[PDB]
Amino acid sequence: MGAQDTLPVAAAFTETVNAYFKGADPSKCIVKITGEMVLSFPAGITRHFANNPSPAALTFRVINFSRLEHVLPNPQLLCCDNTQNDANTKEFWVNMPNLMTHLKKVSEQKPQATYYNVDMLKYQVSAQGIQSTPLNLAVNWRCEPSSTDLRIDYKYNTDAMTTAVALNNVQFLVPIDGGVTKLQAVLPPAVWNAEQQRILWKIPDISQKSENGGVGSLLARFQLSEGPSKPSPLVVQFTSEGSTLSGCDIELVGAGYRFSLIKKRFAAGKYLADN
């Protein structure tokens, strides 16, 4: 009635996992997880009680901050608390004039948009080799001058994510050299693309709940006209929603704002496996 509005803001932690597997030797697995924290602001609002009295401070705390190996806050929009009484959380103050400036500008440049996203934090999540990959991979090739056999073994890895959630739209793509004429063996079903000379398996979901507890194999045998094939990296895609790999969370400090939603998701970035 005479009260400072609560202002609606959305938050997102979006993380990307890059992994390289080599044969079945977990020691040579190389993992890099990057991420960003994005704040989204509803249309044009910008000032919703900013004049008299002053606009509410937008301040937030990142929970489980120590899980991040490296962090780069947006230098135009944020300052934070030093120290670093390493208490695992970190408080950030948003520069309100620079935010108002910023939210006015894109509103002029994306004027038909309902919402404006702002990159608040870019980061890298501490990883520990294969333990940190959500989908462990191992690939093996047998290259005959006249034939090629391919096996890919995968395992859903529970302990890579803060909460156990499914990997969605999982794709396994492998280019097959050597002039394939036909595939004479394949399991489970896959698609062979003659134009790009590569095979593709799609699995809708992979989790603890999956038919095999998320452990499985992909097998194919190819007949060649101009072999041998040379092993090429398997390239994998997947996305997941409802969890991060970091386990970081976000909370508001003081009044003025409410998180309409805090989205957490991760997806494979460059996610490869060599023979």
Contents of the next structure:
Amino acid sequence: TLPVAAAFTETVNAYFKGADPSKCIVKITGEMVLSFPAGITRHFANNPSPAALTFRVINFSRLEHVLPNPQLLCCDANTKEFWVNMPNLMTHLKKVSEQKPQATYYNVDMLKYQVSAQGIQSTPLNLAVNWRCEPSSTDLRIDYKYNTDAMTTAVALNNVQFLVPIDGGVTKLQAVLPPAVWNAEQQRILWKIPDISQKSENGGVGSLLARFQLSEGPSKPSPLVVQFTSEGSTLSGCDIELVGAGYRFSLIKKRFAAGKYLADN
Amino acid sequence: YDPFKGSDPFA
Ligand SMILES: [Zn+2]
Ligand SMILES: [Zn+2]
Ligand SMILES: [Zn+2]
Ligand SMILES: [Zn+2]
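Having displayed the form deposited without the partner chain, please output the structure of the form solved in complex with the partner chain.
Everything in the complex follows now, all chains and molecules, and the chain you saw is the first one.
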């Protein structure tokens, strides 16, 4: 039989407003990709017509605004079944394998979608930011909480970055914890935490703190921008299954990442 | 954007 791979990739967007959870706007998108090995070139020469490639997406209820690949698809309530169009898949794969003859696999966009999200609960990193703006000074507090409830199974957030612009004419940085980095040319501060999870200190609950001395002042609060990626889980809870013989999954990769992930004062 | 990069799915 032929080996094949799958990938779910979800992007989470959030916007927090000070400490008020009711005001947090959330939007999660996502993409499903099927991948085929180079061998297929020779395999679809020894075969056509090949065995029908049919799959099912599990927990399809959790998805909204679903756009199936128009060249390859779609012409109950929690499960959806798809029969891929084989002639077009083959046409495509032949085109890409002539174009990149020295490629080990070919990725094919199969599904694009939104994920219904219920506010702060659907957010893997809860954030709340507070600014105290003195005429001659500035106090910044960033509270964060790793939230297992947003994700199918509990896994870490990697390469977490907190970036925030400091207006007003910064001069000195005092009382910083944990250590951060000052960009003087861009007048902005950046914290990096490599790993945030339940296995982290305080169970993913923590605070970034900074104090700034102002040459002019006072500062106007600017949006905190956040970055993180995560491997091993979706936000949706969707999986995939093969239906019918001929094909085997060698790997189903699930991952997610912040897109526009912001927090105002 | 490659979801598998750089690891190999068929190994
Ligand atoms: Zn074969
Ligand atoms: Zn059905
Ligand atoms: Zn094509
Ligand atoms: Zn894509």
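Numbering follows the first chain given and starts at 1. If you superpose the two forms and keep the largest set of C-alpha atoms that fall within 1.5 Å, you have the rigid core.
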{"item": "Position with Cα shift of 2 Å or more, rigid core superposed between these two forms, options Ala50, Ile30, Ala57, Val215", "value": "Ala50"}
{"item": "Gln112 C-alpha moves between these two forms by 2 Å or more, core aligned", "value": "yes"}
{"item": "Value in Å for the CA shift of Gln196 between these two forms, taken after the core is superposed", "value": "1.0"}
{"item": "For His70, CA displacement between these two forms after the core is overlaid, in Å", "value": "2.1"}
